[PDB]
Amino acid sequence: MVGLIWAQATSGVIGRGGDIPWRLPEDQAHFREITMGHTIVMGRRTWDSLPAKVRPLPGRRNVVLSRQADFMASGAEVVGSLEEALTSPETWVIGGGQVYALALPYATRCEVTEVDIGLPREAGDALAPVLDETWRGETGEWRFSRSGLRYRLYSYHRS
């Protein structure tokens, strides 16, 4: 089982300038709840994006995908291919617009957070993968974050 998890603006933007372009404090706990105790896979840039005090993410086996055989990632496992990263029975791909695209075909689950923020795509932004009709989903109820942004959770699956 390979699952993807991300938070996106309605527009599909998930990253800009190397950061997540919004504040949603409730996201951290939902992300934790889903990923805790599992192996997590991320692209090198997502690893770099993680604050130094929080990486590697605690309670999870951190796997970082990189083309540099010499890449240094303390507390994480650096691999050079997707096949080497997906060996666990339950793996969660936590990032990179690139890595989500790469891992989507191996996936049978997607946990998505839609952020109701006006943020049109700009050239160079990290974008979420598009889910075609092979996916079946359930949309949760919109809620208000204390940051003032409205958001909702989606759960998709396919066999």
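Between two forms, the rigid core is defined as the largest C-alpha subset superposing within 1.5 Å. Numbering follows the first chain given and starts at 1. What changes on going to the form deposited in another entry:
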The other form holds:
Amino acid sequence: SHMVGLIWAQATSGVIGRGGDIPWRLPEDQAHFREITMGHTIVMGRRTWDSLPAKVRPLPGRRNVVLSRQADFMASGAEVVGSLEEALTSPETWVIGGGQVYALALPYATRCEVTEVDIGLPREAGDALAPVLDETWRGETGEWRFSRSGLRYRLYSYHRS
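Form deposited in another entry, following the form deposited in one PDB entry:
Shown below: the chain alone.
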């Protein structure tokens, strides 16, 4: 189909999750995730889907796609696909996690929307980590700003052909 993006929020070290939680509290990043994904397709792995609250999934106003090897998986209000390539048939897709799906998706992706949270969390065994980019990606790293709580963050908007 077409435009494949990745979206995530990471500490400066690349930690995106620890102990099965987002490792900070940042409502403005929830607003940012909505504004990027709203009206488009989101793709997630089955474990990510399983971790969302029952009354929160599917995320509203977006086509939710769950990748699973299980043909009988129940993702009420979403659709389930059994290959990544089938999950990218939409005109605009944002891959939202987790690490297994980001690995599969990275070769197809031509945009990354990232939030860096200014927090010092050196990586530990078991952490969920950010996809690793390289020098063929280009774009803007925004200015630091404070959240309402005083937590600082900035935005990356990168692209490649």
